[PDB]
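There are 2 protein chains.
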Amino acid sequence: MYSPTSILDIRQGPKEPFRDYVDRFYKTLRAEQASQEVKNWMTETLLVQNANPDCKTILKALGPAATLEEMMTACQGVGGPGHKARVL
Amino acid sequence: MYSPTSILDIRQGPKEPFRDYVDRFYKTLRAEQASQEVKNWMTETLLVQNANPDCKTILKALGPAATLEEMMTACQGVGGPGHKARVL
Numbered sequence: 144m145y146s147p148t149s150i151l152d153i154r155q156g157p158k159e160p161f162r163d164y165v166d167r168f169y170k171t172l173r174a175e176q177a178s179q180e181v182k183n184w185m186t187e188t189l190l191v192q193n194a195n196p197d198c199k200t201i202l203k204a205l206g207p208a209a210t211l212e213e214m215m216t217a218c219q220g221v222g223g224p225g226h227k228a229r230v231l
Numbered sequence: 144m145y146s147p148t149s150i151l152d153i154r155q156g157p158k159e160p161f162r163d164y165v166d167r168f169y170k171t172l173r174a175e176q177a178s179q180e181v182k183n184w185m186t187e188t189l190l191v192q193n194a195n196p197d198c199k200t201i202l203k204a205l206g207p208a209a210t211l212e213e214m215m216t217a218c219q220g221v222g223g224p225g226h227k228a229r230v231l
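Just so you know, the sequences run in chain order B and A. Mapped onto the deposited numbering, the consecutive letters of the first sequence carry residue numbers 144 to 231. Mapped onto the deposited numbering, the consecutive letters of the second sequence carry residue numbers 144 to 231.
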């Protein structure tokens, strides 16, 4: 097991909001043992890669300079609600 | 285009020798604009990930310490010939 990490296990759902993906991706990263340098690259490469086939298209149109705030916010309405109904 | 690099475009063939994958992966990396820190992580994570469904199994049995020399050499015989016939 060279280093299967766990971030690679993150993937925005087809109809899931990016904000959730970022929150989860950051949640995982915070639990990922790696150099910050990786975060800048990984959080900039695999962040939009494992994204849903929807967020990748829109997020791209934003520009390779868009910030997380811009990505999450601009991705608003892209996916369905993340909190609703839910079973006890 | 955040940064789709090109390394992600590398993937050992189902019956291709790892030595070729490493040579190609290193060939691409040498043409990849990234921090060395990424090489240590990427060349250790995505190196075995994009590998063929064959090399990954064997290479794993070697141990997360197996050096490149150990990976390429030990992967000898796993895949078929890398140079033969070829059309002019």
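Heads up, some of the hints might be wrong.
[What the hints assert, rightly or not] Below, in silico cross-link-like pairs of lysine to any residue (SDA-like), each with a Cα-Cα straight-line distance of 25 Å or less: (1) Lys182/B <-> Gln192/A; (2) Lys199/A <-> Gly225/B; (3) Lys199/B <-> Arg173/B; (4) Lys170/A <-> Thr171/B; (5) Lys199/B <-> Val230/B; (6) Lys158/B <-> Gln176/B; (7) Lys158/A <-> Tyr169/A; (8) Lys199/B <-> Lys203/A; (9) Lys158/B <-> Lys227/B; (10) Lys203/A <-> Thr171/B; (11) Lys203/A <-> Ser178/B; (12) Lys182/A <-> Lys158/B; (13) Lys158/B <-> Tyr145/A; (14) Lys199/A <-> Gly225/A; (15) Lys199/A <-> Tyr145/A; (16) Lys182/A <-> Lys227/B; (17) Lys158/B <-> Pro207/A; (18) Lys182/A <-> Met215/B; (19) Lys182/B <-> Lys227/B; (20) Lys158/B <-> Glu180/B; (21) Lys203/B <-> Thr171/B; (22) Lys182/B <-> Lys158/A; (23) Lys199/A <-> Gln219/A; (24) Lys203/B <-> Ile201/A; (25) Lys170/B <-> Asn183/A; (26) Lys199/B <-> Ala208/A; (27) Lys158/A <-> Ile201/A; (28) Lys199/B <-> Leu231/B; (29) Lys182/B <-> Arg162/A; (30) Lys182/B <-> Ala177/A; (31) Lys199/B <-> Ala209/A; (32) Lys182/B <-> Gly225/A; (33) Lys170/B <-> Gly225/B; (34) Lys158/B <-> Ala177/B; (35) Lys203/A <-> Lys227/B; (36) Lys199/B <-> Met144/A; (37) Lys170/B <-> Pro207/B; (38) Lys170/A <-> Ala208/A; (39) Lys199/B <-> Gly225/A.
Simulated from the structure, these hints should not be mistaken for lab results.
Hint-by-hint comparison with the structure:
1. Restraint check: the Cα-Cα separation between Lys182/B and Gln192/A comes to about 19 Å, which is no more than 25 Å; the hinted pair holds.
2. Between the alpha carbons of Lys199/A and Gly225/B the distance comes to roughly 36 Å, so the proposed pair goes past 25 Å and is violated.
3. Proximity of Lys199/B to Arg173/B is assessed by CA-CA distance (about 23 Å); at most 25 Å being required, the pair is judged to hold.
4. With a C-alpha separation of about 31 Å, the suggested pair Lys170/A and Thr171/B falls outside the 25 Å cut-off, and the hint is violated.
5. Between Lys199/B and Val230/B, the direct Cα distance comes to roughly 30 Å. Violation of the 25 Å bound is thereby established for this hinted pair.
6. The hinted pair formed by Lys158/B and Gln176/B fails the criterion: a straight-line CA distance of about 30 Å is larger than 25 Å.
7. A distance of roughly 19 Å separates the Cα atoms of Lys158/A and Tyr169/A; the hinted pair therefore holds under the 25 Å criterion.
8. A threshold of 25 Å between alpha carbons decides the hint, and for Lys199/B with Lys203/A the separation of about 32 Å lies outside it, so the pair is violated.
9. Only pairs whose Cα atoms come within 25 Å are accepted, and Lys158/B paired with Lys227/B is accepted, the gap being roughly 14 Å.
10. Among the hinted pairs, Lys203/A with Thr171/B is consistent with the structure: their alpha-carbon atoms are about 24 Å apart, no more than 25 Å.
11. For the proposed pair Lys203/A and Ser178/B, the alpha carbon gap of about 23 Å is at most 25 Å, so the pair holds.
12. Distance check on the hinted pair: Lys182/A and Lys158/B sit about 34 Å apart at the alpha-carbon level, beyond 25 Å; violated.
13. Annotation: proposed proximity of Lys158/B to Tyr145/A holds, straight-line Cα distance about 22 Å (limit 25 Å).
14. Annotation: proposed proximity of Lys199/A to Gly225/A holds, straight-line Cα distance about 18 Å (limit 25 Å).
15. Between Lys199/A and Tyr145/A the CA atoms are separated by roughly 29 Å; this puts the pair beyond 25 Å, and the hint is violated.
16. Proximity of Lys182/A to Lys227/B is assessed by CA-CA distance (about 42 Å); at most 25 Å being required, the pair is judged violated.
17. The hinted pair formed by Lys158/B and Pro207/A fails the criterion: a straight-line CA distance of about 37 Å is larger than 25 Å.
18. Annotation: proposed proximity of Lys182/A to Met215/B is violated, straight-line Cα distance about 29 Å (limit 25 Å).
19. Using a Cα cut-off of 25 Å, the hinted pair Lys182/B and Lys227/B is violated, with the two alpha carbons roughly 31 Å apart.
20. With a C-alpha separation of about 31 Å, the suggested pair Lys158/B and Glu180/B falls outside the 25 Å cut-off, and the hint is violated.
21. Restraint check: the Cα-Cα separation between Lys203/B and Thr171/B comes to about 23 Å, which is no more than 25 Å; the hinted pair holds.
22. Taken as a hint, the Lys182/B and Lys158/A pair is broken in the structure, with Cα atoms around 34 Å apart against an allowance of 25 Å.
23. Proposed proximity of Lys199/A and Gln219/A is supported: the alpha carbons are some 13 Å apart, at most 25 Å.
24. With a C-alpha separation of about 38 Å, the suggested pairing of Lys203/B with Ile201/A is violated against the 25 Å cut-off.
25. This hinted pair checks out: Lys170/B and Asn183/A have alpha carbons roughly 23 Å apart, not beyond 25 Å.
26. For a cut-off of 25 Å, the pair hint linking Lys199/B to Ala208/A is broken: about 35 Å separates their Cα positions.
27. Restraint check: the Cα-Cα separation between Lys158/A and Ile201/A comes to about 14 Å, which is no more than 25 Å; the hinted pair holds.
28. Only pairs whose Cα atoms come within 25 Å are accepted, and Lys199/B paired with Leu231/B is rejected, the gap being roughly 33 Å.
29. Of the supplied pair hints, the one linking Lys182/B and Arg162/A is violated, its CA atoms being roughly 29 Å apart against a limit of 25 Å.
30. Taking the CA atoms of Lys182/B and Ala177/A, the gap is near 13 Å; set against the 25 Å cutoff, the hint holds.
31. Between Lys199/B and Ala209/A the alpha-carbon distance is near 36 Å, which puts this suggested pair outside the 25 Å criterion.
32. Between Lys182/B and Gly225/A the alpha-carbon distance is near 36 Å, which puts this suggested pair outside the 25 Å criterion.
33. Distance hint between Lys170/B and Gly225/B is fulfilled; the C-alpha atoms sit about 16 Å from each other, no more than 25 Å.
34. With a C-alpha separation of about 30 Å, the suggested pairing of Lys158/B with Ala177/B is violated against the 25 Å cut-off.
35. A C-alpha spacing of about 42 Å is found between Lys203/A and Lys227/B, which places the hinted pair above 25 Å, so the restraint is violated.
36. Between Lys199/B and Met144/A the CA atoms are separated by roughly 10 Å; this keeps the pair inside 25 Å, and the hint holds.
37. Between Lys170/B and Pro207/B, the direct Cα distance comes to roughly 23 Å. Compliance with the 25 Å bound is thereby established for this hinted pair.
38. For a cut-off of 25 Å, the pair hint linking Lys170/A to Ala208/A stands: about 22 Å separates their Cα positions.
39. Proximity of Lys199/B to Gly225/A is assessed by CA-CA distance (about 36 Å); at most 25 Å being required, the pair is judged violated.
Figure legend: structure checked against the earlier numbered hints; hints not met, in rising order: 2, 4, 5, 6, 8, 12, 15, 16, 17, 18, 19, 20, 22, 24, 26, 28, 29, 31, 32, 34, 35, 39.
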